[PDB]
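Only one chain comes next, encoded as structure tokens, the form deposited in one PDB entry.
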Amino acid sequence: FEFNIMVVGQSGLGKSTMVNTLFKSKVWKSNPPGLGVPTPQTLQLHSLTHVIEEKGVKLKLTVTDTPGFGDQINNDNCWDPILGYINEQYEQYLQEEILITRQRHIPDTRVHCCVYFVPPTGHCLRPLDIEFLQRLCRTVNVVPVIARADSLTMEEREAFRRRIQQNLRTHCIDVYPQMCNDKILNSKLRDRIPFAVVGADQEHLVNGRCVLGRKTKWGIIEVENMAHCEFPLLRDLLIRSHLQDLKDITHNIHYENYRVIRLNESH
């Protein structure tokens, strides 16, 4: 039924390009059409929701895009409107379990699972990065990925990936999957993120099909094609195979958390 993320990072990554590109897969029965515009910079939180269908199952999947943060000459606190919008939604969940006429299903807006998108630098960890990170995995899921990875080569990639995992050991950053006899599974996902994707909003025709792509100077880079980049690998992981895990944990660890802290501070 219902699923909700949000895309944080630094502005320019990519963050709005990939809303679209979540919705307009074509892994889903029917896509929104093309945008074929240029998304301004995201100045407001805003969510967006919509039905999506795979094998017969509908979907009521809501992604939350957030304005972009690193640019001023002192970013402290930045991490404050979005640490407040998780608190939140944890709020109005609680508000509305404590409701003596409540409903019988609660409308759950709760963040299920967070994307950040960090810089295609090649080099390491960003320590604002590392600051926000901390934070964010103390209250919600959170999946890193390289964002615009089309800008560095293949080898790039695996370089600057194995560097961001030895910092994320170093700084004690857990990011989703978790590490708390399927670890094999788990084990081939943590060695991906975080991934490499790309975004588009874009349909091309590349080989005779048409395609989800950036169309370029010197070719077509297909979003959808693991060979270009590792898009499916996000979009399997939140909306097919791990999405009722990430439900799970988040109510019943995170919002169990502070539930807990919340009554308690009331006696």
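Rigid core here is just the name for the largest C-alpha set that superposes within 1.5 Å across the two forms. Residue numbers count along the first chain shown, from 1. What changes on going to the form deposited in another entry:
- Here the rigid core is superposed between these two forms, and of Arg102, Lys188, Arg138, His123 the C-alpha of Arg102 is the only one to shift by 2 Å or more.
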Given for the second form:
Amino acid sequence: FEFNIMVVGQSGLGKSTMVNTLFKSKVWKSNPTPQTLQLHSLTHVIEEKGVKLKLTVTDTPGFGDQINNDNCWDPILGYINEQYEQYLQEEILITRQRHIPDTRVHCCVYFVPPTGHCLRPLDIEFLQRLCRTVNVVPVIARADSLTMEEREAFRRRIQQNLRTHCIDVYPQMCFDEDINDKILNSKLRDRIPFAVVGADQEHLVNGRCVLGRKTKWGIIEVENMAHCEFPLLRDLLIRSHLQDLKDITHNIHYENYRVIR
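For the form deposited in another entry instead of the form deposited in one PDB entry, what are the coordinates?
Partners and other molecules omitted; one chain follows.
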């Protein structure tokens, strides 16, 4: 009943806004932003439909702002490995699952800038290293800066770039198991990367209290599937694939880590 995710990407892409959007989603029936400068984690226990879930989201500093960005992935990778390390020591000492705190990163949400072009070399290098040790779901950040047509065309280009550079992204096609896993996973692969919009403000729209971005032309409703694809990301992580992500972390990624220990 513990689920951990991490937001990764260049600064100025709405990452910290998206962390708040996740905890503030109207889907939960429970209770409860400068340029982030170091890694810090926020933990809140949310209740979906009577089910209890301790959700931790780790927010990260950006990269790519400097002239030389070499090794800018080291803090993030260091965090992911230190959670694998801590878990191995705990499994050795206290043997039972019920008593081991799981701080392992079960999914990384990687924020791609909405350039409309294609994946930058910097993002390719970062993605190729993250997928080597963690689940990665990429998203088109701040996607309201593109039109509907432009999001779709940009999604396809990125999907092509991922294939060219062999970046196997979640849901990885090799781990498709049962007959109809693919029938539901291909529908998700076709949508990934999700074109997401983040909001930490509530607005009253036609008698409805919704999360949204208030602009001069209207309110962009981030939980409205006609406005953006945030509900797909929110449901993939928390509702439909939470267990599948945790299974892959523990059985593949974590087991691959102890091959060096």
